[PDB]
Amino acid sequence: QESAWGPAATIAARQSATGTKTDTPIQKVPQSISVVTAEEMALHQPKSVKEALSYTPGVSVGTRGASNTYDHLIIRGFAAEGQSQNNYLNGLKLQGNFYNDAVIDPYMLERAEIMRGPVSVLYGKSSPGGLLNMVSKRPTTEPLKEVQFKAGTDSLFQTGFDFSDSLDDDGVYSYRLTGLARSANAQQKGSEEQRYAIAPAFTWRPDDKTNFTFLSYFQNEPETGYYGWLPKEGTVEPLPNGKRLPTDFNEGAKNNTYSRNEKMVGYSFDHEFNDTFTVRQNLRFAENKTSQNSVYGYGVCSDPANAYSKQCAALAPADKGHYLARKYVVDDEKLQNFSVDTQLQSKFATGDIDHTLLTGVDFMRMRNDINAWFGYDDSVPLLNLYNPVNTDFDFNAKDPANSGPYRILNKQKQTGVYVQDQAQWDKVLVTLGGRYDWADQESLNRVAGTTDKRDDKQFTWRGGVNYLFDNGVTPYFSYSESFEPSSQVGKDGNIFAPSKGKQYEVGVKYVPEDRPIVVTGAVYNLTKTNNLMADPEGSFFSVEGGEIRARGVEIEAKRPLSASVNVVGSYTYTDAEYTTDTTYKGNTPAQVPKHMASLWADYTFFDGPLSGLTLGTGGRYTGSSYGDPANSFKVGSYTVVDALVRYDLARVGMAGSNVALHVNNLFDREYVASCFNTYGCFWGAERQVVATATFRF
């Protein structure tokens, strides 16, 4: 009944197309896949997809703490190169570049699915760690007329609506319009967040074998919020005076500004010719823009990073411990992305062996025009952490003695051909597939007049086996590969070769056909080779041949034991380490915790005086982690508790509607989410309380 591209009946999804690009039951997928449903999201009312993943195993949602500027993730100890997202929407990648990275609001999603480990065999170039694939809402079967009001701490105000219906009797034409407007203050003083998004959609079904769904998304964010750096001195450890910087501290200029604009049009098309062939096609064109005027910190004056800062030097050595150095960046980017994935799915048998053959052509073009300016060492006055003074900063005064321009035009293109077969004999299922990619990149420096290019040709494949016992328990194992081009240039003035990803995984999945439960467990060995590292000569350039190894255990469970009880919980153990690095051999990558775990549960009363009342609570534990690649310090572990109070408005004469109270970080725990270096730390989110009223007419 449930479709991999539609809504899931409960908190536990059983269908998914991220792992195979075919509507496949999760037990028959030889890889780890997590699915966060719109229903689960409604439980926590997240502002970003990143927050919605707070309970998902093998995924770290704290690389920026409370900031939701980007949905940047670390999956199984890995992230894309250059601090870029690695997100997909409806099976096509939202290829971003530099600061130009698109973001989709959770209110517009039907699902948020996480794919752990290599996936190039189906998607092309990608980080070894995995990818995020969001699935847009689509026109509903029955009518939908929802209006939602939100009000919470830090002056958060949100109003949204979701409408869907047919325009004719037979249901040949249906539409769906979703929108929201949100204004709120950032956790840190002086910063604000604003978002206005609308998502028009239409589905045309000339016949029962043909579906054409138009999908568009328009979003404007005059202000995306805070995105600065705080030093470890004042966050993880106290300042020389034994005090810490408040969680709402802001080291940026008072006139800092960060904005983003997103425009997307595209469609999803499928047609079944007969029981043997089905054609499927997804395409999207995106034009995203982003601008910022940002003064950010760069750590205290005693920090190695500020070795030769004429401003830090002119300070009493005793004073270097509470003065924070800062820099600025004026950015302005424009990006266009065009993507098309066309598939042919064939179902046929060879004896007792049933087949599902997938062959497709997948390609994308992307260009990003960057016109920025960067301030160097003494480009912005020091900030006295003992007596912080927030003032306007003149971004126009581009002093050539301490700042320079940065105008680049990056172009990327990738075309790939892939084939996959899911052959099943009795209770055995074998997933085999391969993909060949042509990935070309070109970077033109407008200032220098230079131009760097590189054409890559990589082949990747994946094989695995699933055994389906007639009881729901189905063990499995698989081997998958991936590749990730570099954009770095070396001594010889050439772009390096792409690093690679190789993973071995064994696990078990329990999915009973009688009960709505899903439980998964997995053990894996992921390794990234040809990673870039420091030069053994020390020529300010980077060398190849580096290697990082990640291995761990993940177990996730989600299920509605009954009509009044839902349960979600997960556990993650991840041991990442540099196995070959001229500088960090033996260390563990920063921002990567060894242990994580979460448990959530909600109960609903159908009788007694509490009827129509839903109560929930959960906790999320994040192990400790290293604050830099040199492992010179650690970020303490932390535990956060969430709560929920929903009240079905059926008792008062309004079925389908409800009012709720959401609480994140119930005990207002004050913690440092993570640091990527001594001068780059982030406070976690302080307690948040949201009042929600969603009405359906």
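Rigid core (definition): largest C-alpha set, two forms, superposition within 1.5 Å. Numbering follows the first chain given and starts at 1. First, how it differs from the form deposited in another entry.
Once the core is superposed between these two forms, every option in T10, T22, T678, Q15 stays below 2 Å in C-alpha shift except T10.
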Contents of the next structure:
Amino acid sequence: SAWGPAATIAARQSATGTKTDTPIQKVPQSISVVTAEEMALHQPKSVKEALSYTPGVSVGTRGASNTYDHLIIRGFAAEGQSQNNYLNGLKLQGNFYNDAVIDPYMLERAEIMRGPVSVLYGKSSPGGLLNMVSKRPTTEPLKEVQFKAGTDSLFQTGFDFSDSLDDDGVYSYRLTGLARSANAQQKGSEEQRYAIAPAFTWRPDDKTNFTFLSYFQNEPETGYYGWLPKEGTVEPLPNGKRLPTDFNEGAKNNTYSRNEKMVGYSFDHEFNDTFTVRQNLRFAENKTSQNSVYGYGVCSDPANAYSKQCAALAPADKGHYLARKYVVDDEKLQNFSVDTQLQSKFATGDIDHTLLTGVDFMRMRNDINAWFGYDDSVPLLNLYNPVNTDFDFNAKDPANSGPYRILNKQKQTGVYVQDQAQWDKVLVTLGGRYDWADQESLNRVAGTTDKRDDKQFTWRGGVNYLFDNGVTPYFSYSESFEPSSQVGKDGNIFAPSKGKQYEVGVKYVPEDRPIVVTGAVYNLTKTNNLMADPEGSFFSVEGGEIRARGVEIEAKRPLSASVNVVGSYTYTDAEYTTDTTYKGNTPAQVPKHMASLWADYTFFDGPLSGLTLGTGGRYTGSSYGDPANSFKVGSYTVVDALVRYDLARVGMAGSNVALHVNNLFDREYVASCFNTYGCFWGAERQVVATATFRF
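The structure above corresponds to the form deposited in one PDB entry; please give the structure of the form deposited in another entry next.
Single chain only below; no partners, no other molecules.
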């Protein structure tokens, strides 16, 4: 069965770590890759769930909401809470609410880097980054139709077609699209999605490959994305009861939509056995909008001390009345990116070289036209007896609401060089990069204009030792930088923050046995983090520092043609080593322990031939609900099951029917809280039937 050897053999190749084709063992950093075969098996609903059984990442911190693919890697999120995802070696640079998403059914691969890597990609988050590989045209025909149906009125249909147009394979293509409709977990919310992905590959000769990659997506409704207070979730309400799992605190007429257009290409050319040129470019237009009413903690939460509405309440009702605000947003993002690389392979005695040098630049501009409601901008919500009604998003009086109209421009140009020198069984990775990062923000209401031009240099070095049995010990050191976007007291944009990581580990990748096992220890630390000013000024200050260190181990292997086992364990110790206020505490939403195990069996011989069965468990240890560590969030364990049946029997090979069940024991838990007034219920049990037919 396709996914057996895929998760353990194919999953051995990668490029997100070095930009050149390099096997996992020769990469001096922690890198995980999930194949499409695996994704086909699990049917993840997003890219997040596709990383479930990999170490060092929290894929479900935002609970049931699926609006964004936000990932917290090694206890770190990106600047401005924005995503940190790349599509085909190029970053889907977003801004404010404008963040693009790619359905997993359009992906071929998903590789995830852990730790710093600005060495190859410019400004990045300390924790790491995700890189999704689009499906490319197969030179072997593919004609597939798929039908989905399940819990919450989930209805989906999709197709994936690929074939050759010429007779020799000079022109091939791939067209894959889907249409999905479903109700959100929260009452009154729904999600609709429509995507089509046209790809065309032109191969002039055996040394040239030009592949056109386009993607279009329209989402009338993106679903729920609100805030619920801990009182009614983590903690029982004053009447001992807890808000229901599907509770919704937003207006009956809440709306949230997203539209995405992308055009670009990937080009390869090999001159000799010594030189190879490579270029990647994409142009993207993103549009997002929303009319949202969201919770902002109960009336007794110290966060609403200035709410006239809360105040005009008997201080007993104060603990079961939720305050609320709203936001009206509308953004338009334009993004241009090109990365050109020259790859040189040569020798020097007994030393084989693989030199990489490239120029990488990107230009984006986001046009925000929003309107936010402050305190008392929307009628309280009685948690004991909630009443969902419409909200007038237009009637906007300056008494409780003001505009927010910004035009953000970002820019980054970088030059980088890297060598992969190898002597016998020793491998040394050495590389550096220099970045020119300019940014400017124009506030249209105030007429002001803030800008800053950063210059940063980063590098990475590491050693890999290739024992002949598969054991490949290694160690490395890499840096990262992330410019700031917030303004200081002096009316300037703060200085960039930095990431420095040391890591030692081992990778077992035997050529003869189909297994992959990993273990690694690290000390990542983020410097120049923004912290509270040691003064009542509502402004912030630099010089902060957070430090994270831990152990991650991952295991993948087919104990037989019928059994496969995948799992991981993650111990992460993150902490504020120097912050004017939360010093000593551990960042919120970061658990110390994380474990996951999945296994599946398939009957080849017998009456149940072609039948597959799988189960898996992802354990999430406890975590702090706020940076003050004033309350915790209970650990939880979720179990998933699977039932698949090859249809070769009935007459159709390649095709199959499946039944997936997530959160089998329908456990009710809160995924996390980033504060007392910001918690999220986890996802209730879901059952989905999937028919995938191949002609």
